[PDB]
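Construct all of the structure, not just a fragment, from the sequences and the given hints.
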Amino acid sequence: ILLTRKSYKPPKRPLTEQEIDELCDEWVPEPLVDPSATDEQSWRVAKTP
Amino acid sequence: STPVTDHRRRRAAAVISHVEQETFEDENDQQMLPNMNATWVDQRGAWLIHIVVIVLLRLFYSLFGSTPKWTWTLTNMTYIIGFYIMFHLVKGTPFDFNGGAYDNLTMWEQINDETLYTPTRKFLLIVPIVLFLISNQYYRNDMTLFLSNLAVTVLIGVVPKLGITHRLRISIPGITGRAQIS
Ligand SMILES: CCCCCCCCCCCCC/C=C/[C@@H](O)[C@H](CO)NC(=O)CCCCCCCCCCCCCCCCCCCCCCC
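Chains as they are written, first to last, in the working numbering: chain A, 1 to 49; chain B, 1001 to 1182.
These aren't lab readings, by the way, just hints derived from the structure by calculation. Do not take every clue at face value.
[Claimed, not checked] With a straight-line Cα cutoff of 30 Å, these simulated BS3-like cross-link-like pairs (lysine-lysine) come out:
hint, chain 1, residue 1, chain 2, residue 2
1, B, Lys1091, A, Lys9
2, B, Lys1161, B, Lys1069
3, B, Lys1161, A, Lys12
4, A, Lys9, B, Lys1069
Right, dumping it as C-alpha cells:
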C-alpha cells in the first residue's frame, strides 16, 4: 500500500474573507459599451432620411 | 503600539495543533536557495549508507557475544532510535539560512521541499519494516521481546513518517513545552 502511492504535495490553505474582500475591491470592469469611437462613426445617424 | 512589520513567532495554545502555513515572504525565502540541510539525501550513496550502518551495528553487537535474539533486538532498537534522533527531534538548520525560514520544521519535513511520497521517502519508509521482518525470525518465541520490538517499530519508525502526521505538534505541560506555530 505504501509503495503504491502517487507522490502529491500538501494542498494550500483556503482564502479568508478579507483576502476575498480586497481582491474584489481591486477588480475593475469595463464600460458596457465602447464610447471611444461613437463620434467618428455617428454620421450614419445624422444622414438618415 | 502596533508593528509595521509583523514577523513574530506564536506558540501553540492547545494540546494538539499544526504549524501554520507560511506567508508570501516566507515562501520566497524558503525557495530562494536550495536547502543545504536536506539535499544530501538524494545524492550518490545515501540509500547504501542506510543499508551499511545496519550491518555494522549487527557485527558490533554480535561481537558483544550475546545470543542471536538479543543482538538482533539491540540492532533494531539502536537503528530506530538513532534515526528518530537525527531526523525527527531537532527542528531548524545547523547554519544560518535566511531570516531563519525553517525554524519550526524538522529534517524529515524538509526533504524534497515538502513533497510527500517521493521515492526517497518511500525507501526510508520501507527500511524499518523489512528490518523488522528480518529480525522476526529469531526472537519470535519470546512474547515480551516480540511485543516490545513491534511497538517500538510501529510507534517510532512508521508513525512520524506518515503523511497524516506532517506538521503535527503535540504539546503537553511539564515535558514538551509550548511548541512553535508561526
Ligand atoms: C547521552 C547519550 C545521548 C545519545 C548519544 C548522542 C546522540 C545525540 C547526538 C545526535 C544529535 C543529532 C542532532 C541532529 C543532527 C542532524 O539532523 C543535523 C541537524 O539537522 N543535520 C546536518 O548536520 C545536515 C546533514 C549532515 C550529514 C548527516 C548525515 C551523515 C551520514 C548519516 C547517514 C544516515 C545514517 C543512518 C541513519 C541514522 C542512523 C544512526 C545510527 C546511530 C548509531 C550508529 C552510529 C553511531
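Hint check:
{"no.": "1", "hint": "B/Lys1091 x A/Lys9", "result": "21 Å, holds"}
{"no.": "2", "hint": "B/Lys1161 x B/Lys1069", "result": "27 Å, holds"}
{"no.": "3", "hint": "B/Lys1161 x A/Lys12", "result": "20 Å, holds"}
{"no.": "4", "hint": "A/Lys9 x B/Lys1069", "result": "41 Å, violated"}
Checked against the numbered hints given earlier, the structure breaks only hint 4 and satisfies all the rest.
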